[PDB]
Each structure stands twice: as structure tokens, then as C-alpha cells.
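Engineer: Chain by chain, the residues run as shown.
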Amino acid sequence: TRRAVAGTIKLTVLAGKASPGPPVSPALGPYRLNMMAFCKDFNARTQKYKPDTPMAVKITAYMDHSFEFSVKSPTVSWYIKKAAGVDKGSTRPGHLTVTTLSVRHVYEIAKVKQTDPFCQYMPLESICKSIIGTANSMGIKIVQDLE
Amino acid sequence: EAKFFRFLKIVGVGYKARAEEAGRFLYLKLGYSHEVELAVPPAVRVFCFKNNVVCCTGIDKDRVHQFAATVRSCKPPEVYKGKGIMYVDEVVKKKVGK
Amino acid sequence: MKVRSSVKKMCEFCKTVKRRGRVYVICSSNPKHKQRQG
Amino acid sequence: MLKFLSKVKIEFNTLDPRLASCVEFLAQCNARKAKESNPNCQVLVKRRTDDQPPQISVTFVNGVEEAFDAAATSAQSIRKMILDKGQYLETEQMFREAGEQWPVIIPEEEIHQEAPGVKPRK
Amino acid sequence: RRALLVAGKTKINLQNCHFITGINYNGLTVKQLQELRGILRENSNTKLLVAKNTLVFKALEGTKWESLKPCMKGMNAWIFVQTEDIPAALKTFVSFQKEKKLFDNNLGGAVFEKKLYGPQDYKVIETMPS
Amino acid sequence: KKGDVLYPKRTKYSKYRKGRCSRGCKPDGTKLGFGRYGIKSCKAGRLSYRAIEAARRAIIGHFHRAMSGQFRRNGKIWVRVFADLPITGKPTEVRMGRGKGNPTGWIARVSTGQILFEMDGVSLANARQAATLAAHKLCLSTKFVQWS
Amino acid sequence: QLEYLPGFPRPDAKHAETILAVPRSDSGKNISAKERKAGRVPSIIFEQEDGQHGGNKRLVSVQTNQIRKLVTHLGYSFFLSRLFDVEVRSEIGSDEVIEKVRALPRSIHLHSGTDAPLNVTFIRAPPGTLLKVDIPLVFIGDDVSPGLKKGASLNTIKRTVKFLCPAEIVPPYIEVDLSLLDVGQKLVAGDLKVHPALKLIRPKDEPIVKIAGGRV
RNA sequence: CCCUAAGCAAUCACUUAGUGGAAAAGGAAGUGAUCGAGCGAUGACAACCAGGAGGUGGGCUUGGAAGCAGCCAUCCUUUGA
Ligand SMILES: [Mg+2]
Ligand SMILES: [Mg+2]
Ligand SMILES: [Mg+2]
Ligand SMILES: [Mg+2]
Ligand SMILES: [Zn+2]
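Protein chains in written order, with the numbering used here: chain A, 1 to 147; chain B, 1 to 98; chain C, 1 to 38; chain D, 1 to 122; chain E, 1 to 130; chain F, 1 to 148; chain G, 1 to 216.
I should point out that these hints are in silico values taken from the structure, not numbers from a laboratory.
It is possible that part of the hints are untrue.
If we take Cβ atoms under 7 Å as the criterion, some of the chain G residues that face chain F in the derived model are [as the list claims (entries may be wrong)]:
| hint | residue |
| --- | --- |
| 1 | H73 |
| 2 | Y76 |
| 3 | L110 |
| 4 | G113 |
| 5 | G151 |
Calculated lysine to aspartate or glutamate pairs in the DMTMM-like style (CA-CA distance at most 20 Å, straight line) [unchecked claim]:
| hint | chain 1 | residue 1 | chain 2 | residue 2 |
| --- | --- | --- | --- | --- |
| 6 | B | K50 | D | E97 |
| 7 | F | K26 | G | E87 |
| 8 | D | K122 | B | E37 |
| 9 | F | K143 | G | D142 |
| 10 | B | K3 | D | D51 |
| 11 | E | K52 | D | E24 |
| 12 | C | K34 | B | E78 |
| 13 | D | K119 | B | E35 |
| 14 | E | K31 | A | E68 |
| 15 | F | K43 | G | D115 |
| 16 | B | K9 | D | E108 |
| 17 | B | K3 | D | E90 |
| 18 | B | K50 | D | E11 |
| 19 | B | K61 | D | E114 |
| 20 | E | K101 | D | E36 |
| 21 | B | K9 | D | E97 |
| 22 | G | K29 | F | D28 |
| 23 | B | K61 | D | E92 |
| 24 | D | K35 | E | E42 |
| 25 | E | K69 | D | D51 |
| 26 | E | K73 | D | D16 |
| 27 | E | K73 | D | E24 |
| 28 | D | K122 | B | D62 |
| 29 | D | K3 | D | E92 |
| 30 | G | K186 | G | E168 |
| 31 | D | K85 | B | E20 |
| 32 | B | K3 | D | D84 |
| 33 | B | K50 | D | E100 |
| 34 | F | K76 | G | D142 |
| 35 | D | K119 | B | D89 |
| 36 | E | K73 | D | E11 |
| 37 | E | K115 | D | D51 |
| 38 | G | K34 | G | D115 |
| 39 | E | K73 | D | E97 |
| 40 | B | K61 | D | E108 |
C-beta: ideal position from N, C-alpha, C; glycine also.
Please put together the full structure from these sequences, using the hints given.
Structural biologist: Written out as C-alpha cells, the structure reads:
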């Protein structure tokens, strides 16, 4: 708008548990931000979702304590590790292997990732190859068909 | 008629400036026991304002800039708290003192 | 001022200037980079 | 850059090929670093189909209006000369507020007079 | 190499084109540019490209889009439209402008049938349908 | 070889004549025999085995810090100059002739155009800078040579 | 069948200059130093048919700037495996062309300390003549190699291969593909993809490059 | 040139250090001559303005590492970037 943007700080909060002290303590207190109205607005929208889900919230801080935030889907590392197996990344990715996913989980994860509020127009090939590039970065294997 | 202008800012607890005779004599108080008197040369006059700001005003660019640097050279800015005489647009970078 | 027989530019704000027939390296950022050839 | 102006009026023809300097001054004067520096300063864009040549007409705080040749001088040269006049206006105002007469007059014969070096004295 | 890139980028886009415009993108961010490109790519049959003015100048030579030459100065985002429905092509910018409150980014210049209409002049032609 | 410091384990004779070393060139040109880059000499003179070892240590220590991991030993070094001439020397407070003195060290005779070092398995910039670092330990004037 | 097959490299048209020479009247270090001081490289053009009795030799001198430019741009080995046009005229700027001929640079002498050219040798190679040509190698596909991906290092045993080549189809270089070599294996001189009319002088069981395992 | 017998000798270039008229490794890049290369009116370099993103906070480490303590990978996309 016309307000002098100070910072853009991100966080991950489990769904439904927006109690403003364990993750909403010093993280938002470092930038003088409020803890009540943001938590009310956050709990006024994650009522239709499964709880204990690491929802991504980016909040644009301001000098007049105004919150203008959009809600992001949970992280693609979470989506590609929880739909695969153990959540432990490799000591040496690209050479040491943990899990394996063929073609299908990445494709439907791309379909879910299309629901990002500024991913209305990115093509599914773009999203799928981005997730393939993320999959290369923790050490999981991708094949044509696991059998 | 004057064309060439330069401005100086004085930073300090009890550091003062004053013009004496029609803008031709400059007097300064820089924390010493005595004062500092400088005679402004021809083609240049000096003026003092209410923000500890000294103006060197004149018609010859060489003499104006040389005399402004002359007034600056009486006390350069220190690096630990920036006290002294400096230029208005000049940035002084400090450092912490152990 | 560091006086030596091999002056160099140690960063990107160092300039070589020939003053009175002597080679000086002057720096705006770090005053520890001031060098004189001699 | 926007500290010293009160109103700016930009006028040009959109189908005439000499609008590069005037739209570049539009880019210079409608930046994010500009409008926060003077919230009270006004911009005035006018467009016309007829053949009035593109002009930049500005005013300052102290009632001085200046017209510039936006057809043949570039926006950056305009930006330099507005500040060249602006700092003179600021110096005039700063002298006038303190009780000094403006303009200050110095006899134009001391350029020939010899001057010794200025050595500071006790 | 980038000359060949944008030469191909305009050679593909001129294969079905019928009018061309250029928008002043002063003050528009990357996300709002992407949203304009999205609105005008799904909801219409149009395409957006920001290119070198002299390169489009050289790449439109020898073509019926040779009249454009005055209207290529400053900040130009070239919109090429591969379809014919100019009411739905030009009302999308009205909806975009009135929704996101952007008066600093307007339509400067357009080419239709060897003619450069004024920005006031291609306002009534969006009213007529088909 | 002898690890770092290079001199023969034994020789036919203990003491050798001084000889001359200020002349001599490669009369046919020079080309690299093992590596892609190399350091060759432009002048002719003597080099001691300590200087050759210091230059080799400088090159291998520059590769050690520039490239780590599995590429740390991807750089290969060939030392094509060998020091096999003993030099002698009489101590202080001794008169002129009672024979020949005890040996003190070993030298190598270097001709004009002789390749001292050869490098492979690294980048061109790393090879150039390692040659730059190694030439500051030798008394002779050297040039960087490239395979072509 | 005296033409380059498809799928093979050809000499570039960027470096297809013509070499200009003027006659030289004597041999020896005196006239050689005089020509080098004047700014010319001594040279001789000769043929194969009579090795004794000279060989229909002609003593010429070429331009130092041109020869140095050719050697610097092509490389030392690449200059020696490529044919050139030689035009010998009576004077620089004259039109009295004495001999225009298609020739191979048999050798070039470079100073061991200053690397200025001292001597160029040209051998007449019209079509139908057989030469012993040393062809450089070019190693490609080092990013695709599984052995190099696993951290092994490359051991280039040989850089140039000597062949018997008819003049018309002398390859400028040989492309060697390293896409399908893992740790432990080597390529021998019989794996080079050349023209079938070229005969390998060296035996085929000679290693060229081996990928050896890294220090685990 | 004078000291000192005989030329402020003639033509074409170069240095401005009293080099000439003592001394290296190394440093700086003044001033000429010549051979190439790279960019360039499709607009270069210097200058001014406005952007310089998304997956993503890539994982491992880890009281904390988010592009920027260390290790591995260094991909993919919209794009004008
Ligand atoms: Mg002889
Ligand atoms: Mg006399
Ligand atoms: Mg002297
Ligand atoms: Mg000297
Ligand atoms: Zn510095």
C-alpha cells in the first residue's frame, strides 16, 4: 500500500494450536508485533483442517502493527517425507538414499501445491519438476515405477 | 555578488563559533583554555547560524574551498564519538572503544 | 601508513596515486590499507 | 530527490516520438523513494492529442515557477538543474531566517588583491 | 543470443496476432505482474512480454505492424493478443485497474489495422461486441 | 626421492668438480611430458633441493586448500628436476689447502627451457596461481606453460 | 571414396588462411638471424618423392605475426594436423605468384625460453599422397561418466595418436566419448572412431585413458 | 659548447629521470611503435533511476543457523532478470 514495509518474517505453526507463547513468543516479540489479533485471525480460518499439521504462515510486519498475511500450504519437505517414510534426511544427499517415490506422489503433491494463493497460473510440469529438484536435495530416490 | 558556497557543522559539548567584524573575522571555541582566531581572506566572508553551522560564502572557488578546509583542519572529527568540526554532507564512521 | 617496497591493493576501495613522484595506496574504507612505496 | 518541490506539472503528446525524456522524468518522480520524502507534494499529469510540445513546469516552496525544455533536455539534466536551483533557494532561506540580508554583496575587486595564507592564531 | 530469444518470442506471438499494446509497468511488482499475466492468459487468449524496445523495433520491420514507431519509449510491457474479441481483451484491464486500484499503469498506444488509436480512442471500440 | 628432501641414496664418488652452469639451452624446444600445465625455467642456473621441496610443498598446499573432499588428491604433481650434485664447504677459521671440504648439500643444474614442475587434474586458474606461488621460492625466472 | 564421412569433424573455415612467403636465397645462421631481425620466419617447402637429392626443395620466409597468430589460435598440436594453402610470390605486394600449393606443416620450431618461432617446415601434400600425421585427442562426456561422478580421477595416458593418413581426409582431432566408463576401465587405441582408410601405426593394445579409483 | 686542438654539424625517431653519470628479487603502469581478441549504433563502457523473485527455512549439523560457523547436493520454474 503506502506503508513503509519493515520486514517479512515467516513461521510454521501446527493447525488449531495457536497459543501465543511457545512459537509466538520471542519470534513475534523481536519485531514489536501483537500476539492477540493475529492468533484470532489465524484460529478463525484453520477450523476446517486437520490439526497438528505444520501450516506455513508468512507475516509482513509493519511500523503501525498491521497484519497483512496469506496462508501457505505445509512444506514440500514435509509432504515428500511424510508420504514416503522416515523424516530423517541423508548425511550425504544425492549419493546416500533413504526412501523412493516413483511418479504419483509428486504429481498429486503438485496438484495440492497449486492451491498456493500466488500459484494460480504456474503449470503442473513446472511444479512437478520443482518438487523433483527438492527431492534431489535430501537424498531420496525417484524412479519410473516402484514395484 | 557571491556564487560559491560551503557549509560546516560543529559537533561538541561546549564547542562554539562566532563571527566578529562584518563577517571578516572568525572566532572559535574548541575546548582549549584559549580561543582560535582566523582572519577570513579577501573575496570570502563567513557567517554563523543557530545550529552550530558555519557558512563560507564567496566569489573565488579556490579561496572558498581552501578556507573551508582551513577551518576544518583546526579540529578534525575524532573516530570514537565524532566530536569536532566536519562537513554537513560528510559521513563520519565511528568505532567502539574498548 | 605502512611503508614497504611492494605496494598492493588489498580490497576494492584502494587506489594508486603518484604523489610527488612516489607511489601511494590510499583507501577510503580501511585506514589500515594506506601504503607508501619506499 | 523529492524534498524541494511543491507542485509538478507534466504535459506531453502520447503519439509524438519525443516523450522519452518526459516519461523518464515521470519514472524519476513517481518512485517509491520519492513520494515518501514529500507526502504533501503534488504531481499533475496531463495528456493531449494536439501538438503542444512536451513540457515540465515546476513550482517550489517559495513561489518560484520554472519551465524546462522537456523536448530537448533529458530528465537527468532536469533533475540536476532543479537541485542546483533548490540548494540556492535553501541557502537563501537559511540566510534570511537568521537575519542576514539577501543577496550578500562582496566587492568584485578583491579578486585582484593579494592574500596570504591563513594560519590559525591563539 | 538474447536477440534470437526475443526474436523467437515475438515470431511465435505474431503468428495469430491482430492487435498489439504496451503498458507502463512503473510501480508494478513481480507478483502483480505475474497476476496480470495470469488474468490475461487464462481469462483471455493473450500473452505478456517485456522486451527491448529497439529489438521489437527491428523485429517488426517488414511487417504490417510498422506504424507503431512513435509509441515505444520508456517503460513498455508489450501485450500480444492472438484472438479477436477485443471487448473481453480490453475489459480485463478495466477489472484489473478497478480491483487493484492502479492508476499509474495505463494503456499507452495500440495498433489496429494500420492505425494508432489514442488511449481515449480505443475506449469506445471495447463497447462494440461482435 | 627420500620422502620430501630429494637426493641420491649413494653416489659413485663423494666429491665432484664445480663445473659450469651459466649456459645451456634446450636446442629443440620443450613440450610437456605428463601434465596439462607446467612450470619451466627461462634462465639457467642452480637450484637447491630445499628450494625444490619448498616449491613442491607450496603447490600441494595450495591445492589442499583450494580443492577438498574427493578432489583433494585429484591434483597430480610431477617433479621433473632432481638434485644430484653434492656441494662441499670448509668451516670458519680454516686456511686454504688441506684437501677438499666436507659435503654440505645437494644442487640441481637447470638449463634454459627445462621443465621443473608439471601439474594435472586441476583448474587452469588454480594451476596459474600455484605456479605464481611456487616461483617465489626459486631463485630463477620461471614461466607458466600450457599444453597445446 | 576420398571424402569425409558424416558424423566426423571437418577443418574449420575460421582458421582457413593462406600463408604468404617470399624466396630465401641461402641457408645458415647468418641469413636466419637477418630474416628474424627483419621480422620473418625461415622455412622450406619440400616433397616426398626423392628424399635423397634434396627433394625439389624451395627456401622461403613467412611472416612472424601471421605464424604466431596461427599457432596461438589453433594450438601447437592442432596446427600440425591440418592442411594449408601456401602462396609463394616474388615480393610482398607483388603479383608474380611463383607457386600456389596445398601443404602440411611438418614441424615448427619454438624457442625454449621465449617461444618465438624459429623455423617452419612445409611438405607438399596434393591429393593422393600419404603422410604420417600426429592427431590430437579431445575428451568429451566427462560430466556423464559414472566413474567420474563417484569421485574417481582421470589418468590421461596419451594426448596424441600417430596415424598414416591420405591427405584429403586428415582429421583435425578425434572425439573420445567418456559417457559409459566406470571405475577400473581403460580405452585402448583400437577404440578410436576414425575413417576406415586410416591405418594405425602403433599397436592397438596401447592404453589411452584409464579411470582409477579414488583414495577411500 | 667552455675547460682543451677541432661541429651550439645535417636528416629521421625516442627520454624529461640530471636517466645519461653505480646496485637485484619484487612493485607501480608514465610514455611511444606494432600483432590479435572481446563488446558496439540490434545502442557498448562511465553515469542516473527501478527491480533483482518462487519451491525454500534444500536437507544434515544443531542452544541457533534461514544464501552467508561447518558437510552434502547446487536442482526446477515464471520470467526481462
Ligand atoms: Mg651452412
Ligand atoms: Mg677551441
Ligand atoms: Mg646517476
Ligand atoms: Mg636501475
Ligand atoms: Zn583498501
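Engineer: Would you mind marking each hint as holding or not holding in the structure?
Structural biologist: Taking the hints in turn, this is what the structure says about them:
1. Among the interface hints, the one on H73 (chain G) is violated; its C-beta lies about 10 Å from the nearest C-beta in chain F, farther than the 7 Å criterion.
2. About 4 Å separates the beta-carbon of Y76 (chain G) from the nearest beta-carbon of chain F, less than 7 Å, and the hint is met.
3. The closest approach between the C-beta of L110 (chain G) and any C-beta of chain F is roughly 5 Å, which is under the 7 Å cut-off, so the hint is satisfied.
4. With a least beta-carbon distance of about 5 Å to chain F, the hint placing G113 (chain G) at the interface is held under the 7 Å criterion.
5. Given the 7 Å rule on beta carbons, the hint for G151 (chain G) holds: about 3 Å separates it from the nearest Cβ of chain F.
6. Taking the CA atoms of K50 (chain B) and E97 (chain D), the gap is about 10 Å. The hint holds against a cut of 20 Å.
7. Restraint check: the Cα-Cα separation between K26 (chain F) and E87 (chain G) comes to about 32 Å, which exceeds 20 Å; the hinted pair is violated.
8. Using a Cα cut-off of 20 Å, the hinted pair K122 (chain D) and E37 (chain B) holds, with the two alpha carbons roughly 6 Å apart.
9. In summary, the hint linking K143 (chain F) to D142 (chain G) is not supported, as the alpha carbons are separated by about 29 Å, beyond the 20 Å threshold.
10. For the hint linking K3 (chain B) to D51 (chain D), the alpha-carbon distance of about 39 Å lies beyond 20 Å, and the restraint is violated.
11. A C-alpha spacing of about 16 Å is found between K52 (chain E) and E24 (chain D), which places the hinted pair at or below 20 Å, so the restraint holds.
12. Restraint check: the Cα-Cα separation between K34 (chain C) and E78 (chain B) comes to about 18 Å, which is no more than 20 Å; the hinted pair holds.
13. For the given pair, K119 (chain D) sits about 14 Å from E35 (chain B) by alpha-carbon distance, which is consistent with the 20 Å threshold.
14. For a cut-off of 20 Å, the pair hint linking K31 (chain E) to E68 (chain A) stands: about 15 Å separates their Cα positions.
15. For the hint pairing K43 (chain F) with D115 (chain G), the CA-to-CA distance comes to about 13 Å; that is within 20 Å, so the pair holds.
16. With a CA separation close to 28 Å, the supplied pair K9 (chain B) and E108 (chain D) exceeds the 20 Å bound.
17. Only pairs whose Cα atoms come within 20 Å are accepted, and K3 (chain B) paired with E90 (chain D) is accepted, the gap being roughly 14 Å.
18. A distance of roughly 42 Å separates the Cα atoms of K50 (chain B) and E11 (chain D); the hinted pair therefore is violated under the 20 Å criterion.
19. For the given pair, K61 (chain B) sits about 15 Å from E114 (chain D) by alpha-carbon distance, which is consistent with the 20 Å threshold.
20. Distance check on the hinted pair: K101 (chain E) and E36 (chain D) sit about 19 Å apart at the alpha-carbon level, within 20 Å; holds.
21. Taken as a hint, the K9 (chain B) and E97 (chain D) pair is honoured in the structure, with Cα atoms around 18 Å apart against an allowance of 20 Å.
22. For the given pair, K29 (chain G) sits about 15 Å from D28 (chain F) by alpha-carbon distance, which is consistent with the 20 Å threshold.
23. Note on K61 (chain B) and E92 (chain D): the hinted pairing holds, with a Cα-Cα distance of about 19 Å set against a maximum of 20 Å.
24. Among the hinted pairs, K35 (chain D) with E42 (chain E) is inconsistent with the structure: their alpha-carbon atoms are about 35 Å apart, more than 20 Å.
25. A distance of roughly 18 Å separates the Cα atoms of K69 (chain E) and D51 (chain D); the hinted pair therefore holds under the 20 Å criterion.
26. Simply put, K73 (chain E) and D16 (chain D) have alpha-carbon atoms about 10 Å apart, close enough for the 20 Å limit, and the pair holds.
27. A C-alpha spacing of about 9 Å is found between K73 (chain E) and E24 (chain D), which places the hinted pair at or below 20 Å, so the restraint holds.
28. Proximity of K122 (chain D) to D62 (chain B) is assessed by CA-CA distance (about 25 Å); at most 20 Å being required, the pair is judged violated.
29. For the suggested pair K3 (chain D) and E92 (chain D), the alpha carbons sit about 16 Å apart, so the restraint of at most 20 Å is met.
30. Restraint check for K186 (chain G) and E168 (chain G): the C-alpha separation of about 31 Å exceeds 20 Å, so the hint is violated.
31. At most 20 Å may separate the alpha-carbon atoms for a hinted pair to count; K85 (chain D) and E20 (chain B) exceed this at roughly 30 Å.
32. Taken as a hint, the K3 (chain B) and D84 (chain D) pair is honoured in the structure, with Cα atoms around 12 Å apart against an allowance of 20 Å.
33. For a cut-off of 20 Å, the pair hint linking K50 (chain B) to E100 (chain D) stands: about 12 Å separates their Cα positions.
34. Among the hinted pairs, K76 (chain F) with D142 (chain G) is consistent with the structure: their alpha-carbon atoms are about 18 Å apart, no more than 20 Å.
35. For the hint linking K119 (chain D) to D89 (chain B), the alpha-carbon distance of about 25 Å lies beyond 20 Å, and the restraint is violated.
36. About 16 Å separates the Cα atoms of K73 (chain E) and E11 (chain D), which keeps this hinted pair within 20 Å; it holds.
37. A hinted pair counts as satisfied when its Cα atoms are at most 20 Å apart, and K115 (chain E) with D51 (chain D) qualifies at roughly 18 Å.
38. Under the criterion of a C-alpha separation no larger than 20 Å, the hint pairing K34 (chain G) with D115 (chain G) is consistent with the structure, at around 18 Å.
39. Of the pairs offered as hints, the one joining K73 (chain E) and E97 (chain D) is violated, with about 45 Å between alpha carbons and a cut-off of 20 Å exceeded.
40. Between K61 (chain B) and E108 (chain D) the CA atoms are separated by roughly 14 Å; this keeps the pair inside 20 Å, and the hint holds.
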